[PDB]
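A.B. asks: Can you build the whole structure from these sequences, using the hints too?
There are 4 protein chains.
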Amino acid sequence: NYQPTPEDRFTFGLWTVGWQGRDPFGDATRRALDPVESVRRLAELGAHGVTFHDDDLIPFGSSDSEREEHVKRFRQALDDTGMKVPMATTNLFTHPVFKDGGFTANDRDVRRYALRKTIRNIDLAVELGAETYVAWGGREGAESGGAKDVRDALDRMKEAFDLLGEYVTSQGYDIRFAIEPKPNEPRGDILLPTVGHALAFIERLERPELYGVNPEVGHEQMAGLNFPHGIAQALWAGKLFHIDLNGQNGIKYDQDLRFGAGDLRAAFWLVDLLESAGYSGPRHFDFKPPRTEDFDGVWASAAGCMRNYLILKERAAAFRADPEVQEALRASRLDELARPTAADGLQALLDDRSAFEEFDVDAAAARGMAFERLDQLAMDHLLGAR
Amino acid sequence: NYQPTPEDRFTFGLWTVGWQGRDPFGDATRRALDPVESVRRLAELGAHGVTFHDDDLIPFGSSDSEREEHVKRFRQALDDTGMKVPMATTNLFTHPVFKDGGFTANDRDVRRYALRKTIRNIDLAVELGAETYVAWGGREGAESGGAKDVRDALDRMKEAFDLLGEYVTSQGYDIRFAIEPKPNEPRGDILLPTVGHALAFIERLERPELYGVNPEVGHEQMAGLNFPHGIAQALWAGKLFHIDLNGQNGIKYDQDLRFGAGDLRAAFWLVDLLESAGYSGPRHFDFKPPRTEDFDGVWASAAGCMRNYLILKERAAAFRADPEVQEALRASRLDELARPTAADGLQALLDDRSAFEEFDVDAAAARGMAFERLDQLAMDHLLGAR
Amino acid sequence: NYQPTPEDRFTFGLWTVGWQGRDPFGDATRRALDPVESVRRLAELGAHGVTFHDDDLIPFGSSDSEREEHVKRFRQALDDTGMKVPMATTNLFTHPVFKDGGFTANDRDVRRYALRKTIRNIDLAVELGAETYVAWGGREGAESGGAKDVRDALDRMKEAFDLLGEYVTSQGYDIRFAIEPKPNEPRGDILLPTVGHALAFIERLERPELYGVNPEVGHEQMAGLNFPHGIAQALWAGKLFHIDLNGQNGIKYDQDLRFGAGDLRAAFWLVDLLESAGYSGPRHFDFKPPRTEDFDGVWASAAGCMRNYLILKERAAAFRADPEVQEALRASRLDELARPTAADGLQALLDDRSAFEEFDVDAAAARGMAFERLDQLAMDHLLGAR
Amino acid sequence: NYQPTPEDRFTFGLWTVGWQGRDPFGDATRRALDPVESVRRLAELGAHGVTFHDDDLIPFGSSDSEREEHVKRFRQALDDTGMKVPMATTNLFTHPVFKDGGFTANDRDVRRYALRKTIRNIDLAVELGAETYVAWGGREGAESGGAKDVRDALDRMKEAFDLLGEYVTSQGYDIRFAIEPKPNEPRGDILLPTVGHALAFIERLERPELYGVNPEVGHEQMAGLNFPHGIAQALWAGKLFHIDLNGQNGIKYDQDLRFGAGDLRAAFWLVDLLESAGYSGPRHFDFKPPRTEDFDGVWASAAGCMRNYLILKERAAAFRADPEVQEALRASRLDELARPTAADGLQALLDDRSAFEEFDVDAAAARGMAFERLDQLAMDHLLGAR
Ligand SMILES: [Mg+2]
Ligand SMILES: [Mg+2]
Ligand SMILES: [Mg+2]
Ligand SMILES: [Mg+2]
Ligand SMILES: [Mg+2]
Ligand SMILES: [Mg+2]
Ligand SMILES: [Mg+2]
Ligand SMILES: [Mg+2]
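Chains as they are written, first to last, in the entry's author numbering: chain A, 2 to 387; chain B, 2 to 387; chain C, 2 to 387; chain D, 2 to 387.
Any given hint could be a false lead.
[As the list claims (entries may be wrong)] Calculated Cβ distances over 10 Å to all of chain A for the following chain D residues:
no., residue
1, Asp124
2, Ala344
3, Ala365
[Said to hold, decoys possible] 27 Å max Cα-Cα, derived BS3-like pairs, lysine-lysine:
no., chain 1, residue 1, chain 2, residue 2
4, B, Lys314, D, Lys314
5, C, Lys159, A, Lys314
6, A, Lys73, A, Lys85
[Said to hold, decoys possible] Label-pair distances were calculated between CB atoms; the ranges are:
no., chain 1, residue 1, chain 2, residue 2, range
7, D, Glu67, A, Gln77, 46 to 56 Å
8, B, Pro341, D, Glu276, 29 to 39 Å
9, C, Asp65, B, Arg121, 49 to 59 Å
10, B, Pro7, D, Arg321, 34 to 44 Å
Since the hints were made in silico from the structure, they are not lab data. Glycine residues also receive a C-beta, built at the ideal position from the N, C-alpha and C atoms.
C.D. replies: The structure is reproduced here in structure tokens:
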């Protein structure tokens with residue numbers, strides 16, 4: 002009954018179910034989880050794999066001998082369970098040294114340290130089989146206007162990503178990069194604040210084919226943007242390498258609710274789009290079980306992420322298969338939207354008197370779009386009323 | 002006393018001072034202005050020029066003989082005053098035929114009509130000397146998820162802009178295009194909702210060098226974004242072709258307040274950036290005198306736009322010239338941000354033990370950034386307390 | 002099949018289905034509806050009744066003879082259909098004379114005119130059988146700080162409502178007033194911007210028992226507030242006299258989508274609360290069929306409002322009746338929330354060593370709240386997955 | 002030069018300058034401050050006094066002997082410096098036991114513990130001379146709809162505040178309560194989310210004269226509301242007992258910037274209102290020096306709070322004293338707003354044919370309000386351009 006299997010490609014960060022509940026105003030409400038026990042419990046729930054920051058897996062400051070022991074234990078749990086590691090990332094935000102950023106810190110020696118910390122984890126990610134390496138520049142930004150010259154900061158950001166691309170190509174690694182945007186928090190404003198800004202920045206890198214985006218549901222909604230629309234533009238550009246699924250109730254702090262919570266209808270249209278477009282990457286959940294919960298509530302919340310995806314997948318598929326919906330899509334001229342405006346070319350358009358001189362503007366204006374009937378059919382399908 | 006001259010390149014849309022005050026809940030409070038009298042009054046205030054939609058200058062449905070008479074009267078007022086016309090645009094949003102968009106309307110015949118209406122005004126813009134042609138896709142979007150397949154819509158949007166680029170290059174016109182983003186209103190969500198989304202889309206056009214952005218202060222702030230940061234990314238990409246200046250109080254309907262109203266400190270950092278970066282284009286005001294005002298209040302509001310720019314220009318210049326500010330910029334390491342992270346290259350970085358193995362992470366973390374002293378110096382300069 | 006009947010008490014404003022589609026950027030897309038034909042069509046759909054502004058029913062400036070004819074035609078349509086008129090209101094926002102407000106306009110003669118226009122429609126409302134008279138102060142507010150002394154404005158607002166209460170009590174009318182809050186639009190900020198501000202203001206009126214609130218879904222969500230929470234506080238205070246149902250996608254212009262659109266889960270919790278608390282007033286829809294629609298889409302949208310309420314009513318009732326949900330409510334201690342904290346009194350609490358000196362704070366902190374399992378049960382019920 | 006003195010009544014929470022910089026994504030960047038050294042440094046800066054949570058001053062779990070020692074050291078620093086303690090409050094949010102709230106936790110034993118923890122600190126506050134006791138219900142709320150029955154929660158909230166009022170009156174204490182609203186964070190939605198909701202709730206308490214509000218600049222702006230307008234309604238109701246001053250850049254996480262940062266023009270209108278209305282309470286700063294700063298930046302940020310208040314005070318006073326501004330206020334009819342609408346009474350209004358039958362609605366509509374000239378005079382004064 003809406004039961005996930007590893008074939009559904011559901012993945013979770015170690016930092017999600019492992020979040021101890023420490024927020025800006027309160028201490029942790031849960032003990033720390035051993036990464037090995039997280040891998041085991043997620044495998045029992047039907048997950049496909051896990052993801053990690055370097056500092057989730059190897060405590061900061063560990064010696065190279067303790068580091069090998071932490072990786073050894075982790076790799077044994079992966080072999081014991083069949084879990085994969087499709088993505089990894091770097092923590093360039095927790096340690097106080099990163100208080101003004103990593104790649105765009107004003108201090109040059111911090112920027113060089115940030116790059117070396119990243120490169121070391123790229124080696125580990127490749128060793129564990131990760132295909133995508135995510136960068137979330139959570140500290141790249143400012144609280145005040147004079148603290149950061151943004152043109153210089155973008156130069157430094159481009160320099161850092163170009164160097165990472167030079168590193169992976171010189172090593173022969175088969176891994177790609179995905180930039181994860183966020184508009185604000187913990188900085189007052191964060192550089193590359195939306196999917197669009199990240200897509201535009203990638204086109205100025207030396208090797209743009211190596212970079213895509215890792216959009217997160219809640220982050221685009223923190224700017225009041227339509228997340229399915231932003232995902233469509235990422236897919237249109239061929240840049241949706243990875244995705245972070247969760248829930249968010251509007252414009253406020255980053256809630257990281259379980260997927261399906263927050264904006265339910267946006268979750269429906271998101272799943273409809275991902276499945277229609279044939280997205281084949283991981284369905285990754287970047288969420289936080291609320292700090293009200295004990296460990297039983299943690300695993301219930303994680304199970305809820307996958308359950309809600311599978312319910313929405315079923316409802317979206319029934320919606321698209323419904324002959325009455327297919328009729329309504331034609332009534333609203335979705336078929337005409339897919340046809341070229343002027344495949345006959347510019348000169349034919351200019352000579353076409355039916356396109357302007359003899360166009361009946363009042364008759365075209367009187368045509369209703371029938372969008373409300375279509376949207377109520379979508380509502381009926383979502384609610385199981387049809 | 003903070004008096005503008007045409008050398009300041011202040012420009013106004015005919016639709017700004019000519020706004021009659023009709024909002025979603027109320028009738029017009031002011032009579033219509035003759036475009037000729039708007040040109041005269043703006044010239045008296047010290048403006049450099051005006052901009053127009055086709056339908057601002059030539060009433061919709063006019064015959065080709067009435068059309069020549071409207072252009073004739075307008076051109077005579079420009080000659081009488083010395084006013085320029087640096088930018089023009091198309092109205093693809095007022096007439097009911099555009100209720101589902103122009104370039105991305107679901108109906109193909111509307112899309113072809115939208116292109117023909119645009120091409121006709123491009124010819125007129127070139128005749129009047131405009132160097133930039135703006136596109137604001139105010140109706141390109143949706144209120145519901147199934148009404149618009151966004152990948153198909155982006156195909157149609159790219160097709161339309163590619164055809165416009167083919168037209169201007171085949172005619173030999175010396176004009177460039179600027180896309181004006183807006184996140185919402187009048188559609189529930191608008192395609193290309195921010196500067197970033199517009200910049201990313203331009204890189205997929207056939208002739209990207211012909212297209213840039215026309216960002217508007219209030220529109221990026223309707224998504225809660227930092228407008229100076231977005232302008233910096235546009236300048237970094239070489240794409241700031243034009244700009245719309247106004248004011249907005251946060252995330253709500255598009256207010257189009259006079260420039261300097263709304264977020265005053267963002268206006269200060271904006272002017273600082275435009276002047277430091279040597280932006281040489283028009284300082285265009287897309288604002289609406291509130292409908293509480295009579296015609297005396299209209300011209301007072303327009304004068305206020307230019308006055309506030311010139312006051313902020315003076316304060317920003319004093320800020321940057323202050324030796325104590327220059328000292329504080331070095332104390333916050335703005336100078337180090339401008340220097341390459343690794344001009345020595347990747348291999349040198351990997352072999353540099355001071356960048357990781359021997360990096361003193363606690364000593365670097367203890368360095369304060371001194372951002373608050375710098376920001377209070379900026380506040381003191383803005384308020385004239387220094 | 003989810004078919005409304007007049008017993009469901011669904012009502013619609015004449016201005017809702019009659020909205021012609023004129024928005025800040027576009028002309029009307031639909032012809033005007035005769036109020037008589039709106040009454041007939043809504044009755045066919047299963048509505049209980051209609052509501053009106055004075056100017057919806059009697060065009061502004063009508064003579065007293067044309068006024069009687071408009072009322073006569075309307076009353077005949079009500080008799081022909083069985084439709085009721087449970088609520089009426091005044092248009093104090095469309096005419097330019099109200100550009101700075103009605104009750105709080107700076108000009109005293111406008112304030113007196115606003116009161117006389119209101120009193121005249123109260124007489125008509127009582128004649129048609131209305132039990133609630135709504136006030137939406139859409140023009141009471143400001144775009145700038147010095148334009149309105151808010152303490153003086155609140156004095157004038159209290160003066161106006163006190164005079165209306167003196168009028169209805171001296172006439173012996175059995176009608177009550179409901180204030181409808183909105184945070185902004187069309188003014189930059191509107192006085193009494195939320196349910197809370199309106200509730201607080203009512204307690205300073207001379208006869209507070211005559212006044213309550215008419216909250217609107219989308220308006221509280223324009224401030225990012227939780228609409229079900231605000232309704233609960235209104236019910237707690239005994240002040241929910243009326244309600245406006247619609248949909249809104251977050252913090253932006255007032256969309257007035259059909260009910261069920263926008264925040265679907267908030268609509269579910271709203272219906273759960275209204276039905277559990279025994280709200281017996283009208284279920285009024287203040288919505289706008291999008292201007293993309295023709296008249297067939299108008300009535301489809303109106304039918305969708307009622308359909309979605311009835312589906313959500315069914316899902317909320319199944320949720321509350323589910324024994325497993327009742328078990329989960331006890332697991333989350335909703336039962337303990339309903340019990341007094343200290344029915345034993347202050348002195349008993351102070352002497353109770355188990356409340357502080359001997360309270361085991363670590364054992365209580367370790368109790369999980371089980372909120373996520375409860376919320377997934379609510380999701381399963383909403384989606385019909387259970 | 003804009004130098005504060007204790008006569009300016011500037012106060013700071015111990016938790017403000019003492020914030021160690023630990024945010025949801027990062028560790029502390031500053032060592033803990035001894036409360037004694039904070040008192041000394043603030044006195045040197047010109048502060049009037051300090052405020053505290055119980056747990057700021059006495060570490061949680063301290064024995065009654067360590068508790069007396071912490072109070073002794075604190076009282077000696079107050080005597081050494083002349084600093085006052087005008088306000089105190091309870092920490093009912095940091096410890097995990099409060100994860101579902103204090104006064105409205107679902108668990109009854111937690112609610113009783115929360116009351117006992119509060120009462121103990123009220124005794125201490127009275128001993129230190131505090132006149133106001135603040136309650137910020139940061140954990141009172143929910144992330145999901147079924148977790149909290151809000152009517153039951155408001156019953157529990159009223160019960161708790163009624164018991165506190167019974168306690169202070171039975172002890173003969175001369176102290177009043179102030180509720181501090183916040184719309185969200187750390188809970189998904191917080192009960193009593195705005196000034197208005199708090200004002201309305203106070204009117205249902207048994208002894209309403211004992212309770213007022215402690216509004217915070219940034220918190221009302223997290224709902225996109227106009228903070229000066231909300232303060233005016235609090236003053237109108239006679240309920241502004243205390244105020245929290247800081248800065249916030251729009252709708253996002255609670256930034257707690259130094260006062261004057263964020264919305265500068267709202268800070269100007271706030272100071273204008275507080276000084277015009279004769280607010281005599283403490284000017285309290287609830288702010289966080291950004292975690293980018295070292296201890297030198299902490300004290301620079303604190304000094305900036307007071308400096309910006311004094312600059313804005315000077316500019317607001319010059320604005321109101323300017324004869325040209327006084328002329329413009331009369332031109333905009335601010336004088337008429339202060340005069341009663343109908344001091345002649347209801348019957349005189351009904352018989353006044355100039356108020357309706359013979360009112361010239363077109364002549365009144367044509368009057369411009371002259372708000373834009375007034376607002377540019379306010380801008381000129383704020384910027385020192387006049
Ligand atoms: Mg997030
Ligand atoms: Mg993420
Ligand atoms: Mg605008
Ligand atoms: Mg514009
Ligand atoms: Mg509305
Ligand atoms: Mg309404
Ligand atoms: Mg705060
Ligand atoms: Mg506070």
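A.B. asks: All hints, please: hold or fail.
C.D. replies: Results for each hint:
1. The Cβ of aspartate 124 of chain D sits about 25 Å from the closest Cβ of chain A, beyond the 10 Å cut-off, so the non-interface label holds.
2. For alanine 344 of chain D, the requirement that its beta carbon stay farther than 10 Å from each beta carbon of chain A is met, with the minimum near 45 Å.
3. With 10 Å as the threshold on Cβ separation, the claim that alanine 365 of chain D sits away from chain A holds: the shortest Cβ distance comes to roughly 37 Å.
4. For the suggested pair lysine 314 of chain B and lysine 314 of chain D, the alpha carbons sit about 24 Å apart, so the restraint of at most 27 Å is met.
5. About 54 Å separates the Cα atoms of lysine 159 of chain C and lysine 314 of chain A, which puts this hinted pair outside 27 Å; it is violated.
6. Of the pairs offered as hints, the one joining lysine 73 of chain A and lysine 85 of chain A holds, with about 15 Å between alpha carbons and a cut-off of 27 Å not exceeded.
7. Distance hint check: the CB atoms of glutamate 67 of chain D and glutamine 77 of chain A are about 47 Å apart, consistent with the given range 46 to 56 Å.
8. Take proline 341 of chain B and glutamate 276 of chain D: their Cβ atoms lie about 51 Å apart, and the range 29 to 39 Å is violated.
9. For the pair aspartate 65 of chain C and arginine 121 of chain B, the beta carbons lie near 52 Å from each other, so the given range of 49 to 59 Å is met.
10. Range check, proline 7 of chain B to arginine 321 of chain D: Cβ separation about 37 Å, and the 34 to 44 Å hint holds.
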